[PDB]
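First comes one chain, alone, set out as structure tokens in the form deposited without the ligand.
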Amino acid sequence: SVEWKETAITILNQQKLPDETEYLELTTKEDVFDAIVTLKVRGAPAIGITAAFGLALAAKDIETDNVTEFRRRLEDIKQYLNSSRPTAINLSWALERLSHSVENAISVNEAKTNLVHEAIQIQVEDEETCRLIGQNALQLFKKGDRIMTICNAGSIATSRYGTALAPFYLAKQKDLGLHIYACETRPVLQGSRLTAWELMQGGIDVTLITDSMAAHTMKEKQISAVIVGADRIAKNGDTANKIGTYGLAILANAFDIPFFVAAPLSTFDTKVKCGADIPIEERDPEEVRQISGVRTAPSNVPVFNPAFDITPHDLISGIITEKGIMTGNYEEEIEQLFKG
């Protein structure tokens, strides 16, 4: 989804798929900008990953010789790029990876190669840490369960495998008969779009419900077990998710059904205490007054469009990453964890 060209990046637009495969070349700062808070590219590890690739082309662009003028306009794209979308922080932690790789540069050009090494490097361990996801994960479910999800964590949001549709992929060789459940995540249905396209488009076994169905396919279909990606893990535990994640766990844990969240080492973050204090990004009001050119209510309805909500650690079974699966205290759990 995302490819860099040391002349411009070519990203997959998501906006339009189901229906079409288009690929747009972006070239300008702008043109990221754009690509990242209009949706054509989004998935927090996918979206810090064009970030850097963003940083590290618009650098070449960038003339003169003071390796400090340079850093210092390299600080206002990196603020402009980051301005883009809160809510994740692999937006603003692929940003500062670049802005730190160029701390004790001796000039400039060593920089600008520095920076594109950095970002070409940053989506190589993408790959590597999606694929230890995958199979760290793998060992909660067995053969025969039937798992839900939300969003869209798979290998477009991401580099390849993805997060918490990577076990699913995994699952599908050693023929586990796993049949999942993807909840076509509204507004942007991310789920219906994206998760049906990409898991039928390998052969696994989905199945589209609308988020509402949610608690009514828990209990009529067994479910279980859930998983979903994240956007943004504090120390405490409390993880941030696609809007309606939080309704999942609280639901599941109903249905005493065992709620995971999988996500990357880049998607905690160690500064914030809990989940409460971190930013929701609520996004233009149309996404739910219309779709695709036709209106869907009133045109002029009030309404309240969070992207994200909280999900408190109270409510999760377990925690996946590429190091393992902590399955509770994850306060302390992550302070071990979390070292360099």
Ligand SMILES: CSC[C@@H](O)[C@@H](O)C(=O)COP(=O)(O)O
The other form holds:
2 protein chains.
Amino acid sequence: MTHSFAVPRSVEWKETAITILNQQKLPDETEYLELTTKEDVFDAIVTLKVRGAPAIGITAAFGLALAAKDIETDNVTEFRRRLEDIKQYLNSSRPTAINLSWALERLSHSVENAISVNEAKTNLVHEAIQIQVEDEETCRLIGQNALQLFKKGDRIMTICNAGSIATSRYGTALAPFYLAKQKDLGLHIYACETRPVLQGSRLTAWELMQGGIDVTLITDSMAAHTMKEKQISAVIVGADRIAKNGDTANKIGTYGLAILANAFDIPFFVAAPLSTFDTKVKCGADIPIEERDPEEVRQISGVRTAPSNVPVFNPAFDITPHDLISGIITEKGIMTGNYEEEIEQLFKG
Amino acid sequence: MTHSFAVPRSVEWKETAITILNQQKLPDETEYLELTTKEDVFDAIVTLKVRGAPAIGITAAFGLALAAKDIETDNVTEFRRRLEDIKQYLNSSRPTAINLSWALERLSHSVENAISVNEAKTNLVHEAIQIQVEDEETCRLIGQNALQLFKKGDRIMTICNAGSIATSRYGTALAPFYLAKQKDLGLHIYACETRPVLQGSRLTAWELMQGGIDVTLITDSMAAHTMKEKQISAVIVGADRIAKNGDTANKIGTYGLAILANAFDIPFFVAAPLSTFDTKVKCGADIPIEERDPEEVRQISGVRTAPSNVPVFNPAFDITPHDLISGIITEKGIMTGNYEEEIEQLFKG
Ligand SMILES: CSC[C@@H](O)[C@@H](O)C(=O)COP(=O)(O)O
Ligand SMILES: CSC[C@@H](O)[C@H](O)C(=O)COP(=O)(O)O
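Given the form deposited without the ligand above, what does the protein look like in the form solved in complex with the ligand?
Below is the entire complex, every chain and molecule, led by the chain shown above.
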């Protein structure tokens, strides 16, 4: 079962259905759903039955393609007109993760020159699938490129869950941990539980234990004391959107970790494929930050941890300025210097 | 009841019983338990049925005095000798907060000249009560001293629960919020839920609303995004033990809060009575950091939030270096630096 990370679990195309692992039922139960309509896909994304930027893009894509089937039309222009309506719909699920819009826009552009309806449908399916297989390679290369940053026995801190179920498989930020365990370098990782949704203790602690990876859980507030007491070597995280300048919007807490890392002068690393980059957003300040249902903070896995009417500020992401970032790892390699210049030279083709 | 903070709820002496608020049940329900044995006081402390440094001291003191009544002996020296076994037992309760040892030690000293066993016993009670009545007055001064630091309409962030039920009454870090409320000084409090025990979520958010204080709940990981997005103007926390150095031992998370505060150039304040200072240790490294059962982090109320056997690191406190401290508020007023020399002057009265 220590190989489960190398197999697709988050989302699978079934031609007539889209099967997704239900992440809200972990760590307790491992259940799979059958999404059949875009309402289902919209619901899975919005309520986090499926989460993690890359995997959300893939699902949204399979979602648009599955839904385009029942678009019984004569015209291709009309087909596009109808297709655009379903796209806007699934795109309004969650704001921050660029991958969502990026996937949808990719499938949209794949039928711009389409000549027939059937050719379009096929295009959508093929383009969706290609997106998934492509994500698999990048994750694989991201895992490789990043491990270069760690020496044997390093203690790495991380936040949220940027692993095998947040992507097609393998993962991004957690990917190098699966490889290091392959190359016997005794890496020790400290996973922040990631409140309020707890992606760290519920998914991260879950999948790494599954892979026979050494992982210790800690609350988020314990970061600082842990960097000191445990002398962690570095901090590696994924991302939901990287601005043209390096500003990375990621799970809420990341920004606090980056400022903490700098204080302890511990390198802070961000790993994410090109699909998560947004070259048209100038800086992090222009990145939409999603604020979710407040009961997220008032309750947990079922019952009360706060009075009912207490007002809460529930942002699901923050922004880490590129200057607190020691490096960003992508499928093409590791950037360090001037990110604006690096981001660009990176999108040569 | 807004004025509920101005009345003792944490611990109350009853000659043949000690009544406390069962803090485990908040905010769900408000329940008082009767403590009648040394084992009870010991249970309530270890299980956090009563918590917060001063309340722990006041409560421990009453237990010692209470258990001393069972001591059968005409020999005063045999009496004190026995008082010492009960004292060690009560003291090995929890290690980090000095108020426990301080109160227990203060009571032991009250009988060292005792000529009679009945005198000594009476002595212990009077001394216990006096510690309680004195904490109330110190809380008052501190709320009134820290209020000088805040202005109308400014946002303040705090952590854990250094208030009304963690002390005799009124509280410390939270004291000024109540005092500001009675004079209509518009203050917006931002409370960190404080994982894994959630004293901020279940206690602070509870007593502040119950006082008409404008409070907003956030997770511990939201602090960085909040200090910037809400333009936080300051941070005020309580304390479990301050070394002659000024190094403050407080609820896990304080340390990171102090460092996030320094980055954002936001003043950081520690509010705590003299009984919380420890001049016997020269710095934070000399302060015992209690590590609690890892279950507090893997689950809550029987609802697990992680794999049941994932390794955990559960420190309930961390150390904030005096350098990251803008000021320390005591019944004596405010200290802004050169702490050693300063608290040194402090204790010569
Ligand atoms: C492949 S994970 C990349 C990020 O999107 C992820 O780490 C994250 O920070 C938030 O994911 P979410 O969908 O918000 O739960
Ligand atoms: C008036 S309480 C101040 C402190 O003792 C501080 O708030 C704290 O950290 C609490 O410890 P706890 O573990 O809850 O007992």
